[PDB]
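**Student:** As a plain string of letters, each chain reads:
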Amino acid sequence: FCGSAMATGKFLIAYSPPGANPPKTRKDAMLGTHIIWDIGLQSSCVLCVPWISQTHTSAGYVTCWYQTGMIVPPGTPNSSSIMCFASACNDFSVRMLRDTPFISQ
Amino acid sequence: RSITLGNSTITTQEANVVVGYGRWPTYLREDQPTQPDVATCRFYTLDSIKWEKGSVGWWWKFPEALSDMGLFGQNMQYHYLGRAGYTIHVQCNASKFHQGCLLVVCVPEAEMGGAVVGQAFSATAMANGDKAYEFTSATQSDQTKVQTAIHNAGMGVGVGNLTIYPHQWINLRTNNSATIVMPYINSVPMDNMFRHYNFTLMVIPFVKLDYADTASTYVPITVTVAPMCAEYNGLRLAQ
Amino acid sequence: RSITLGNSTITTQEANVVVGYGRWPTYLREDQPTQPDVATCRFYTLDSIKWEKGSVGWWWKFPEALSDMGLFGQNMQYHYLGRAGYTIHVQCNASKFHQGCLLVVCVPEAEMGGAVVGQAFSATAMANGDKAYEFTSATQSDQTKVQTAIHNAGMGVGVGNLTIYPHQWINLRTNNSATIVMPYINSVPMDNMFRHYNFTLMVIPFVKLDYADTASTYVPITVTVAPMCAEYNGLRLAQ
Amino acid sequence: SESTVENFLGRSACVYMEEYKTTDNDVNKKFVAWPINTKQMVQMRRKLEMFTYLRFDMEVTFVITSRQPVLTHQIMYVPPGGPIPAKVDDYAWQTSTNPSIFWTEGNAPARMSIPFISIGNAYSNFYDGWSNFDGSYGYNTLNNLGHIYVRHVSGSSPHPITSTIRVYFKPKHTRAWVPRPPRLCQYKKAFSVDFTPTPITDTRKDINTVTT
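Protein chains in written order, with PDB author numbering: chain C, 120 to 175, 185 to 233; chain B, 14 to 27, 29 to 43, 50 to 259; chain B', 14 to 27, 29 to 43, 50 to 259; chain A, 60 to 127, 138 to 203, 206 to 283. A prime marks a further copy of an entry chain.
Source of the hints: derived by calculation from the structure; they are not laboratory data. Note that the Cβ used here is the ideal one computed from N, Cα and C, for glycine as well. Mixed in with the good hints there might be a few duds.
Unchecked claim - Between beta-carbon pairs, the in silico distance windows are:
1) B':254 - B:98: 58 to 68 Å
2) B':240 - C:192: 49 to 59 Å
3) C:121 - B':38: 48 to 58 Å
4) B:98 - B':183: 39 to 49 Å
5) B:53 - A:178: 16 to 26 Å
6) C:141 - B':52: 14 to 24 Å
7) A:201 - B':38: 28 to 38 Å
8) A:206 - B':41: 57 to 67 Å
9) A:206 - B:53: 32 to 42 Å
10) A:85 - B:37: 40 to 50 Å
Claimed, not checked - Sample of chain B' residues with no beta-carbon within 10 Å of chain C, all distances over it, derived:
11) 23
12) 41
13) 99
Turn these sequences into a full structure, and let the hints guide you.
**Tutor:** What follows is the structure in structure tokens.
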């Protein structure tokens, strides 16, 4: 969370196993695996997603929902943003070299 | 700090825990087999409630507020006798430019007299889903309603003397969180889950919310409940 | 005697067990978490099949025959990779004034060629519910059917040489029961439960039923299957 | 101390008073009938509603007077789930599982102590629930107590006697669990928590007024 230092609020970050529909409401996205991220006490929350595969679909989903809006005191910006980072762990394995499909001669 | 509790649902929080009557939830220690379900223990987060300048109170009946929740609410459909304690975390998010006081309180076996004396009311006049009911400042005067005057608590008692039950005060200029661990209190060991409401939870704001100009017009209140040590009657033949 | 096996479902029975390839069902011994469900182990008794003078054979595809069964059939809806072995008990009830022979056999990965060469058929032409399919004495000649000629087994092989797979013979003048414990056989560790049929079960009567006069005109065959050592992919986050 | 729960509720007090005449047009005025409950005495109701669960034995003593030989009176306790009489004389008074006291006048008052009768582990003063499921709110059958029927014993020929029965009741060996805050509103019913909102306290005049 990259907003002000005076902002507070919560978010519910849900996770759906591969081969399962993404939740359609906040209510049923809380019956899966989830983390209540509080931006008043934390500034970063980390997930570690298992079962990532080439799949050559069925894939997991990560969704995020409003839980108790965002609350700010007087004289504070009315908008904030969230950035996202991603990387492999260390369990990755790669096999069979081939040309990238992002280059055209 | 942050304790970062987990059970399959992670809640980061933190005042200190107020244990009911000094008794923690506990398993009941034949011709009655019994058996616990330990997969029901996990947080269930009810929808946020807007605390505004208008609002004068709220209430929820348990365990009829967790009836639609997955697994815990499905054991009520099968097993016909049950018991369980609870761990309730009520927490607000507010600035330092807001002010208010709340009283989180758990009242066991709170009967509520109807509005209009000598008149029966439905069971949807105080419990339905996980929806939060609301007290009214002025006296109720409707045929199919509970008496919701805030200064009598809907029971004809002083509202100031509800500090005789497990409680904690969320004063916004000090703390912002409260935790109550309620044990199972009843006159029998197990009872049907739909015919009885073990207790009610109430949030009552003494000192109205105020917040000056160009600041958020509400403070959200978020209730989170995880059942502890639930146990039900067995469904298999004896030897 | 009577061994009186129990699991939450009691079956009294008893020949001897024929273990697949000499391998018992076993758990698979990260980035793939896994986790077994041990509450799926229990007998599931399929409907009785009338063996008459007409009938020439039957078949069932697994694990699509246990898809509607409680719990085991509900894990196929959730988890998208699974495995499991099986214990199958086929048993008849007949007098000493009846005669017949049966071949209980489990054929792993039995492809079946269609009736009318070069024609596609639906997936309801060989598997649907727990319903038992039927072989026909005469050659099939219908557009949307599997070739069901009994003397080719629906695969273009000798019907006499199906004793190369796990099998046992129920000769009515000796025994009346057979048991096959099939392990998990596949070229991958786990596979989707709806896109693949691990094996098929077949009951083929060599020597037709005969029973003289004023005796029961059929002998019932009762299949009972309990999955052993089932395991599925985990559904929770890693650390 | 006198502040123990035992001595607080240990007091004995009148709870029911009724009259009957032996010879009367009505047949329901030839005998007393009285469901035992502690919700009829306003003064003692408030002291037993400061707790949510109570467990006690009962001691019931009767004071009988008569107005126009020796006069005898049967006093029959009917345990919950026993036969109940509907007439001055019927087979419900001949039942051998209903305790009875045959007391004559000019002797020290009749008395008996009914133990804790309930299949629960305590009586409950408050019950928030339903009986069948959504003439059912706030009533359960575990806190039910018996009945007492008097009836003047006489020959085959009745004779006019008017009697007055007073019942005294004392909790004994009380245990109590879970406080409640004391009642603030007046009672408007004998079996409901129904009330009409009342002010919190009596008004002063100004916040700085402290005159005696």
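**Student:** Could you say whether the range 28 to 38 Å given as a hint is met by the Cβ separation of residue 201 of chain A and residue 38 of chain B'?
**Tutor:** violated, 54 Å
**Student:** So the hint says 40 to 50 Å: do the beta-carbon atoms of residue 85 of chain A and residue 37 of chain B match that?
**Tutor:** The hinted range 40 to 50 Å is violated for residue 85 of chain A and residue 37 of chain B, with Cβ atoms some 55 Å apart.
**Student:** Please confirm whether residue 41 of chain B' is truly not at the interface, meaning its C-beta sits more than 10 Å away from all C-beta atoms of chain C.
**Tutor:** holds, 19 Å
**Student:** Using Cβ atoms and 10 Å as the threshold, tell me whether residue 99 of chain B' really stays out of contact range of chain C.
**Tutor:** violated, 8 Å
**Student:** Is 32 to 42 Å respected by the C-beta to C-beta distance linking residue 206 of chain A and residue 53 of chain B?
**Tutor:** With a Cβ separation near 35 Å, residue 206 of chain A and residue 53 of chain B satisfy 32 to 42 Å, so the hint holds.
**Student:** Would you say the C-beta atoms of residue 53 of chain B and residue 178 of chain A sit inside 16 to 26 Å of each other?
**Tutor:** Taking Cβ atoms as reference, residue 53 of chain B and residue 178 of chain A lie about 51 Å apart, which means the hint is violated.
**Student:** Between residue 254 of chain B' and residue 98 of chain B, is the Cβ distance one that fits in 58 to 68 Å?
**Tutor:** At roughly 26 Å between Cβ atoms, residue 98 of chain B and residue 254 of chain B' fall outside 58 to 68 Å, so the hint is violated.
**Student:** Please test the hint of 14 to 24 Å on the beta carbon pair from residue 141 of chain C and residue 52 of chain B'.
**Tutor:** holds, 22 Å
**Student:** Cβ-Cβ distance between residue 206 of chain A and residue 41 of chain B': within 57 to 67 Å?
**Tutor:** Roughly 59 Å apart at Cβ, these two residues keep to the hinted range, so it holds.
**Student:** Does the claim that residue 23 of chain B' lies off the interface hold, with its Cβ farther than 10 Å from every Cβ of chain C?
**Tutor:** holds, 36 Å
**Student:** Would you say the C-beta atoms of residue 121 of chain C and residue 38 of chain B' sit inside 48 to 58 Å of each other?
**Tutor:** Holds, since residue 121 of chain C and residue 38 of chain B' (Cβ atoms, about 57 Å apart) stay within the stated range.
**Student:** Between the beta carbons of residue 240 of chain B' and residue 192 of chain C, is the distance compatible with 49 to 59 Å?
**Tutor:** The hint (49 to 59 Å, Cβ to Cβ) holds, given that residue 240 of chain B' and residue 192 of chain C are roughly 58 Å apart.
Of the hints listed earlier, those the structure fails to meet are numbers 1, 5, 7, 10, 13, in rising order.
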